[PDB]
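> The residues making up each chain are set out below.
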Amino acid sequence: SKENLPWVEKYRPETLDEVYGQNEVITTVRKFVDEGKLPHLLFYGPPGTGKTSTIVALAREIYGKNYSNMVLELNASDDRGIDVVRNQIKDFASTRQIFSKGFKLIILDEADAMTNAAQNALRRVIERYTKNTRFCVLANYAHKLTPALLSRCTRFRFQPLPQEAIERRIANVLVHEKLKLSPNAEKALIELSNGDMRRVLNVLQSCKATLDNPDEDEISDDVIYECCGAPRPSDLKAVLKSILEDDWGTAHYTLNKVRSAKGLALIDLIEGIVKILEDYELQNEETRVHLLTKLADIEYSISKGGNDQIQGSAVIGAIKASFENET
Amino acid sequence: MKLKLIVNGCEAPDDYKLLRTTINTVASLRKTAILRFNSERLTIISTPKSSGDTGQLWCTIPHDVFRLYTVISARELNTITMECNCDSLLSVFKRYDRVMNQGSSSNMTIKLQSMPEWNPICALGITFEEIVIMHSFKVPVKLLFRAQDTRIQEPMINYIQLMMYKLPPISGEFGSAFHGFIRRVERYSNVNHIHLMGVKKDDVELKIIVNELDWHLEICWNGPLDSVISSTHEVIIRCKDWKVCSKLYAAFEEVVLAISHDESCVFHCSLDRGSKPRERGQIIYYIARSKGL
Amino acid sequence: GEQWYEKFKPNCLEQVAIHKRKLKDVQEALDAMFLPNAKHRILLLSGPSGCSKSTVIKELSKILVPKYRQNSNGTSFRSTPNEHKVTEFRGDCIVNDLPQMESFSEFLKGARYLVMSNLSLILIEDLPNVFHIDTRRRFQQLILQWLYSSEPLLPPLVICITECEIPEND
Amino acid sequence: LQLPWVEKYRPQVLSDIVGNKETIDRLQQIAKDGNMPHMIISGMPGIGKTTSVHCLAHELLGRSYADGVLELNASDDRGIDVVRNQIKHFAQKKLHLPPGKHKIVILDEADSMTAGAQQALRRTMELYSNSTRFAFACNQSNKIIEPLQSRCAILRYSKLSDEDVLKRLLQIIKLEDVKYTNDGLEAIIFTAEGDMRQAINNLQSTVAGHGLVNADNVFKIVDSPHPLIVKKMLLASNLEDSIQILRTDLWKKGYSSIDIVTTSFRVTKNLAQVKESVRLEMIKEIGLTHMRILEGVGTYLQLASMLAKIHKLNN
Amino acid sequence: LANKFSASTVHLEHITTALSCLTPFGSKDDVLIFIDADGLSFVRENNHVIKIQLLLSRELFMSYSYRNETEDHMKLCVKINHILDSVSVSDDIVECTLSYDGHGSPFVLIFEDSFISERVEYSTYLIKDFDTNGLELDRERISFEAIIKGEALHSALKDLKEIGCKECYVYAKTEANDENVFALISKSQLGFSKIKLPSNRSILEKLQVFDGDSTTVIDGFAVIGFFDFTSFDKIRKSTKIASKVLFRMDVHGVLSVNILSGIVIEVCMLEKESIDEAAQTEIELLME
Amino acid sequence: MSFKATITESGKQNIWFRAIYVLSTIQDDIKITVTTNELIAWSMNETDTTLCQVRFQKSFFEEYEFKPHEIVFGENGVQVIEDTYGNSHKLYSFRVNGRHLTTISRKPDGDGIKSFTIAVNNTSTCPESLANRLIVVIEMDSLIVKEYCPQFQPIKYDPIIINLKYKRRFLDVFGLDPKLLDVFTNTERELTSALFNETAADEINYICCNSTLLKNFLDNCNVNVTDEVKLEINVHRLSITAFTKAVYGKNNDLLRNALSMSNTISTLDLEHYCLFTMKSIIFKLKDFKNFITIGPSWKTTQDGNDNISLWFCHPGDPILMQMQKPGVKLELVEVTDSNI
Ligand SMILES: Nc1ncnc2c1ncn2[C@@H]1O[C@H](COP(=O)(O)OP(=O)(O)OP(O)(O)=S)[C@@H](O)[C@H]1O
Ligand SMILES: Nc1ncnc2c1ncn2[C@@H]1O[C@H](COP(=O)(O)OP(=O)(O)OP(O)(O)=S)[C@@H](O)[C@H]1O
Ligand SMILES: Nc1ncnc2c1ncn2[C@@H]1O[C@H](COP(=O)(O)OP(=O)(O)OP(O)(O)=S)[C@@H](O)[C@H]1O
Ligand SMILES: [Mg+2]
Ligand SMILES: [Mg+2]
Ligand SMILES: [Mg+2]
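Protein chains in written order, with the UniProt record's numbering: chain A, 9 to 335; chain B, 1 to 51, 63 to 129, 151 to 163, 200 to 269, 277 to 304, 403 to 448, 457 to 474; chain C, 63 to 232; chain D, 7 to 321; chain E, 7 to 95, 100 to 271, 303 to 329; chain F, 1 to 175, 187 to 209, 222 to 300, 319 to 381.
By construction, these hints were calculated from the structure, which means they are not laboratory data. Every residue, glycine too, gets a C-beta built ideally from N, C-alpha and C. Be a bit skeptical, because a hint or two may be false.
No more than 25 angstroms apart at the CA atoms, straight line, and that leaves these computed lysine to any residue pairs for SDA-like [stated by the list, open to error]:
| no. | chain 1 | residue 1 | chain 2 | residue 2 |
| --- | --- | --- | --- | --- |
| 1 | F | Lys156 | C | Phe96 |
| 2 | B | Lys31 | F | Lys273 |
| 3 | A | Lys302 | D | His296 |
| 4 | B | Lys122 | F | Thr267 |
| 5 | F | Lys114 | E | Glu215 |
| 6 | F | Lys273 | B | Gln113 |
| 7 | E | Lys204 | E | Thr76 |
| 8 | A | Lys283 | D | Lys14 |
In silico negatives: residues of chain F with every beta carbon more than 10 angstroms from chain D [claimed, not checked]:
| no. | residue |
| --- | --- |
| 9 | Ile40 |
| 10 | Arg55 |
| 11 | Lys58 |
| 12 | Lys90 |
| 13 | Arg106 |
| 14 | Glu128 |
| 15 | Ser129 |
| 16 | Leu134 |
| 17 | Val136 |
| 18 | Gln151 |
| 19 | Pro154 |
| 20 | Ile160 |
| 21 | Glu201 |
| 22 | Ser285 |
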């Protein structure tokens with residue numbers, strides 16, 4: 009059954025009606041299919057915005073139960089070399105229709121991983137077979153796509169999911185499976201999602217697993233932070249205040265206590281402090297330059313692995329030195 | 001240094017077949033082979049070290076095969092060591108075999124000659161008739213130094229960790245069945261590494284396995300297999414080695430197998446001859470663990 | 063209809079757009095290579111595109127080959143005097159019973175016979191598929207065998223290589 | 007399912023091609039005279055290279071187009087064996103074309119052929135040039151080996167001007183009876199960036215999605231080009247403004263960091279407003295950021311630090 | 007036996023010959039096995055444009071046991087690595107038995123000889139969401155139907171394979187006075203070649219060109235189907251053992267081939314999207 | 001139809017296919033010349049060192065029609081040749097890919113051919129699509145018909161008369188065993204029927232030998248190893264050796280190993296031998330090896346046995362090999378070494 013599947017797959021939209029946050033694109037595609045004027049599509053966007061789900065739902069709507077033999081889907085997991093493009097795709101696009109269901113769709117998922125030769129060969133396949141064949145190209149990085157392929161496909165940008173769409177989908181998930189989510193917990197979940205629905209679903213599943221009895225227990229912000237392990241906003245505010253106001257010893261003690269009470273990671277703390285500082289009042293540009301450069305260098309050092317205490321002291325010193333420029 | 005050999009296929013067909021088998025086997029493994037002509041016997045060696064890894068083939072042919080056997084040299088035991096291209100000798104041997112099949116009593120004469128027209153490099157002047201057309205072949209060959217010849221040595225196999233397996237004669241009632249058993253695994257496309265296993269208590280049984288994430292091939296033998304005068406003995410070997418063993422088994426009768434657990438495989442073939458009994462020519466093939474346990 | 067660079071081709075050695083010094087050097091080298099027992103066996107001409115390598119080679123052959131070519135006694139293929147001053151290798155020839163890599167070999171093993179009464183200048187401008195590793199190795203081995211060959215007589219061999227870059231291809 | 011207008015209204019005669027008037031007139035004269043030489047047409051994608059070559063071949067041949075044109079392309083195998091057999095036999099084929107005409111081998115997207123294929127093409131052109139002519143079409147002319155270039159006349163197609171795009175768009179709109187305004191056509195031209203295929207596709211999408219063509223309607227389907235936003239981000243007086251542009255117009259719109267860095271490098275290459283040293287330092291910082299992103303740290307903080315370093319260099 | 011499905015037989019040669027018809031469909035694809043009381047069905051689909059379905063009847067198997075009363079049939083999937091060679095096989103009779111116990115258990119094939127015992131296990135795979143039954147022929151509207159001998163069709167397919175055929179044209183025409191024309195026109199490096207079957211009953215038996223309806227037969231209309239030879243050559247092996255071949259074209263352009271040898306093979310292949318003008322002109326010239 | 005010919009015999013089909021395959025072996029494109037009396041399929045390599053000719057008489061085909069006056073398309077292939085007897089001969093020559101012709105002429109595996117037709121149509125009422133295309137119609141015994149229209153390029157014919165000169169020299173020098192007189196008369200008849208013209224410097228050597236021995240020797244030879252072939256003729260024996268020359272590199276290192284394979288027979292075994300009074322000649326092996334196999338394909342029992350005739354002269358002069366069949370003539374010309 010579907011109950012065994014992870015929520016990221018159990019709650020995969022089955023129809024375009026369940027797709028949220030892409031209203032303009034959804035309406036444009038509805039009009040295209042209704043008027044029978046669907047052009048070559050290029051869905052460009054970051055991970056987990058609903059490109060694969062949207063195209064699958066569109067294919068279901070156009071055909072219905074024939075989606076198996078009306079659509080050819082190729083992704084990175086499959087071989088997509090020049091030879092594959094020259095034989096399999098060419099054969100699929102050069103054959104007549106089973107039931108004259110409009111056209112044949114080719115979903116080149118994760119096409120940004122295709123080789124340049126494959127794209128060059130595929131451009132003329134796209135151009136030659138367009139009377140009864142359609143192409144959809146899904147990508148997260150456009151610079152990996154050849155300029156000609158970009159020009160020959162109508163581009164649709166999948167923006168990060170707005171807050172309202174994610175709230176609606178969370179409400180639908182809660183209704184489907186008995187569970188309660190506090191407004192503060194929902195706000196924290198939205199903040200940590202950063203416009204990714206996969207993160208939303210994974211965190212919700214893990215938070216339900218965190219709750220002892222998922223029948224009468226309500227998800228709270230504390231549960232969300234404990235499950236995700238990310239710092240709470242209060243900890244970030246306190247550590248920033250200590251760094252910007254307290255002495256070196258006090259700041260070191262505060263940071264150590266904050267990151268040892270819950271075993272927090274320094275990368276998350278630095279990201280939170282950066283986000284907080286990005287919306288502060290600065291009277292000098294050199295302060296911002298110092299903050300940005302030093303913090304970016306510290307994150308780069310952290311990415312490679314080093315001494316945790318050294319990096320924490322580096323963050324504290326960089327912040328203190330940069331903020332000394334003011335006044 | 002004088003070398004003169006005379007061969008007659010009509011007389012003593014068994015030893016002629018032995019020579020054919022040795023030449024074909026050496027030519028089906030590598031490009032060049034070592035020939036040691038001694039006062040008592042002729043040795044044909046196919047080894048990777050020339051002048063797991065690939066296996067080694069050693070063939071010993073008694074001097075009684077050749078009607079005339081004149082081997083004279085200044086080295087001990089009048090040993091003459093040569094390096095010869097297997098393809099040339101193999102082609103000459105096909106020519107002689109078809110000439111004999113056409114029906115003739117001609118004798119093949121092999122001599123060593125120096126070539127000033129062309151590590152001294154010499155030629156083998158293989159000459160035979162065909163009823200008459202004179203067939204002559206100057207096969208290039210390289211004379212090998214005494215020390216270099218001494219470098220090549222027969223592999224040694226431990227006899228305490230090894231158990232011999234006696235195979236049914238090819239001419240017996242079980243010969244065809246055992247040949248089919250051997251060839252069972254020579255018809256699968258992607259199979260490259262077979263897994264031979266021997267179980268003691277039919278006193279003993281031999282099985283061939285192929286394990287894969289998708290495939291599981293397993294062949295048992297139910298015929299009477301004897302052990303030449403503890404039950405876990407397995408070895409992984411390439412399919413080419415097993416095919417070579419299969420071809421070898423189809424020619425000889427007293428075939429013996431041995432599996433040194435996770436160490437190697439030994440395939441021994443002997444040709445009995447009546448008279457005490459004459460020296461028994463042998464063919465020994467050593468196969469190294471392709472993958473191992 | 064005919065393109066001018068083909069219509070207005072040189073009719074003599076004096077119409078070739080080649081400097082005097084380079085022309086004299088090529089003349090001397092080629093004349094030396096035509097001697098009964100010539101020290102030099104291969105003339106390797108390298109240069110950019112359209113610098114008149116093949117043009118000057120052919121123009122010099124038209125004058126040199128008739129001078130050294132031994133007269134025949136009615137052994138010519140046809141009644142014509144066998145106007146074959148230059149023998150060139152064609153890299154797109156696909157005969158039936160021959161592997162591709164063996165094509166050039168089959169050319170060279172024939173080219174050796176174009177000496178004395180059958181004297182002809184062997185020009186190699188259309189190289190085999192040297193981008194194939196095995197083909198390139200075979201070509202190098204054949205050239206080495208030609209250089210180290212042990213025949214009393216060989217025909218002059220000229221290899222014209224147009225030095226050019228290979229654009230970065232996908 | 008009607009065909010898209012990019013293909014429905016594909017020009018069939020050279021006189022219907024807008025822009026590059028000089029080269030199109032030269033092609034018309036070539037078609038009239040018929041003495042077509044070997045040629046290489048290079049230019050930006052979607053400006054009328056394939057269309058121009060096909061129209062020239064059609065005008066030259068007519069009833070003999072099918073038997074006198076051998077169209078090869080990237081999607082079709084174009085190896086050394088192909089040159090050895092198919093191209094060779096086509097060149098050897100003896101036709102009966104009018105006195106001043108020759109067979110045409112259209113090697114579209116010729117900048118992707120293998121080196122061995124081009125080396126064989128050298129000989130096939132050296133031998134079969136009396137009755138066969140080659141019309142290479144590519145984006146970069148240098149991608150054809152020099153021996154082949156030596157025999158071919160080079161035509162570089164320029165980027166389409168606004169006037170030609172507007173004229174062709176107006177003709178298409180009149181044919182389709184599409185309702186339009188001035189601001190909408192201006193926006194379509196601005197977003198086209200000289201690529202007429204992109205312009206036609208955007209116009210069709212806008213009309214099919216919203217009906218009447220408007221500036222807002224066009225902007226809905228098509229966003230502002232990424233390079234212009236990046237250029238505005240780079241050319242800034244205050245670091246705060248550059249950060250605001252990067253956040254609102256690039257990060258929040260769903261643009262990956264790698265794309266932003268690559269476009270920043272491309273823009274800095276062609277920018278001519280500051281001294282060489284400043285541009286050099288900007289390129290250096292962009293390269294450092296690209297390195298730090300390729301190893302996994304594709305965060306917004308890295309781009310912010312890159313902008314801060316660039317601004318410090320400017321001052 | 008104590009298994010959901012267990013069959014045993016001695017006519018291993020027939021099963022091997024029938025299974026040898028599945029080779030041309032590649033080695034990186036998969037084979038669907040349908041188990042039912044009626045018998046065995048082997049299904050392969052390639053490029054979503056060609057499919058083959060081979061039926062093995064109950065009578066062929068000496069003993070058949072289908073104890074899965076819960077479901078009238080069982081679906082399983084097997085990867086074709088070298089399974090074609092596995093079921094390929100001296101003097102002594104060889105008994106072939108197939109065993110399968112529900113989903114999650116390997117498909118077991120055991121060969122029993124006088125002194126040799128073989129057992130091979132094949133792992134199963136998740137059934138592809140793609141429905142292999144999506145490609146079928148509509149019986150209501152059949153453009154034309156033909157009956158041909160297997161030997162002649164196999165010879166023609168071999169001839170096309172030899173010349174390196176690249177594109178294939180199936181041409182069918184029915185005229186008055188018992189005039190039947192069935193031809194294969196190959197576009198290849200040779201140019202355009204034509205192979206026309208005779209009007210003799212022994213080779214070409216009986217023809218209709220309905221024009222779409224399956225009821226009325228008209229005379230003068232020619233049905234032309236354009237195919238990629240890659241798909242068309244995948245039935246040559248099936249035709250080699252064929253005793254009779256039934257061809258059917260519908261208006262939609264799907265080609266159906268029934269191969270009768303008590304083993305029946307049904308193949309459906311699609312037609313190419315469009316026909317080039319030069320190809321049509323050459324077809325007209327060749328047929329005049 | 002401008003040109004029409006048909007074959008209705010299995011052995012004739014076999015020999016035709018073998019000849020076409022050999023010609024495709026020598027050269028990628030085979031040259032077919034059609035005349036009122038014969039059809040000549042020939043080839044020559046790029047080095048101009050080997051020339052292979054196979055002439056099929058009109059009797060080789062049950063039906064043979066040649067109407068050059070009807071040809072309109074490809075007029076550049078029509079040629080006219082003057083004759084010594086005040087006559088003009090009209091011929092049409094074209095070039096056809098040898099591989100395609102071979103792949104069209106092969107006998108199907110299992111099926112039999114009842115008729116094999118070759119036709120060229122370039123008349124006034126010739127469809128444009130059917131212009132400069134060779135028409136081939138193959139009928140199977142099962143009433144199946146196959147049609148092919150491979151492209152052919154018109155060309156001009158330059159006759160080779162080296163064989164004529166060699167025959168003239170051979171007759172002048174060596175012109187008793189009645190068979191030798193019959194050979195002399197046959198050579199004289201060949202010289203006279205041809206529409207073209209006819222001390223110590225008149226070296227000429229002739230050897231007629233049963234093709235069985237040479238064919239058996241050559242079948243075993245491998246061209247990849249034994250590149251060269253050397254013939255030694257004495258007054259007592261004939262030796263044929265397939266050999267290779269050793270090549271040594273920088274430090275006297277073998278760059279290419281040398282192998283020899285020789286067969287010697289007595290002159291009594293030879294059918295005929297005539298020497299100018319140990320004569321050694323050297324040439325290539327591949328073309329001779331492939332050429333010796335064309336004749337036996339027909340497997341005829343009547344007329345004469347399968348004998349090969351060899352003519353040669355001083356080193357460096359060409360060597361000529363000749364074979365005959367009831368309606369076919371096979372000729373091979375090769376260039377020999379000039380070391381001595
Ligand atoms: N608009 C949406 N509405 C509802 N659920 C969504 C939406 N977008 C994503 N999801 C959920 O998140 C999952 C992500 O599926 P995808 O469509 O493959 O995401 P994506 O945009 O393709 O990410 P990439 O680019 O493939 S890494 C879906 O299976 C849903 O469970
Ligand atoms: N005065 C001239 N001198 C030399 N070449 C000329 C002259 N006039 C015309 N040409 C032609 O210009 C072409 C260039 O000469 P080539 O010798 O073929 O160039 P190249 O040195 O061979 O370079 P590649 O390798 O062929 S691109 C030839 O086709 C010549 O026939
Ligand atoms: N100059 C032009 N005038 C009119 N329409 C044009 C012009 N350029 C492009 N188009 C239209 O855009 C379509 C595509 O143009 P193409 O010529 O195929 O693109 P392109 O210039 O060849 O780029 P490549 O090389 O294929 S990536 C044509 O079919 C026309 O409808
Ligand atoms: Mg996806
Ligand atoms: Mg040149
Ligand atoms: Mg183009």
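> Indicate, hint by hint, whether the structure satisfies it.
Evaluated hints:
no., hint, result
1, F:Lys156 <-> C:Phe96, "violated (34 angstroms)"
2, B:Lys31 <-> F:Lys273, "holds (24 angstroms)"
3, A:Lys302 <-> D:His296, "holds (17 angstroms)"
4, B:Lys122 <-> F:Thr267, "holds (21 angstroms)"
5, F:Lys114 <-> E:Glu215, "holds (22 angstroms)"
6, F:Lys273 <-> B:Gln113, "violated (46 angstroms)"
7, E:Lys204 <-> E:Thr76, "violated (54 angstroms)"
8, A:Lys283 <-> D:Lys14, "violated (51 angstroms)"
9, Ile40, "holds (21 angstroms)"
10, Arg55, "holds (25 angstroms)"
11, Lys58, "holds (27 angstroms)"
12, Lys90, "holds (20 angstroms)"
13, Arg106, "holds (19 angstroms)"
14, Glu128, "violated (8 angstroms)"
15, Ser129, "violated (8 angstroms)"
16, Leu134, "holds (13 angstroms)"
17, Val136, "holds (17 angstroms)"
18, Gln151, "violated (6 angstroms)"
19, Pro154, "violated (7 angstroms)"
20, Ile160, "holds (23 angstroms)"
21, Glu201, "holds (35 angstroms)"
22, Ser285, "holds (39 angstroms)"
Checked against the numbered hints given earlier, this structure breaks hints 1, 6, 7, 8, 14, 15, 18, 19; the rest are met.
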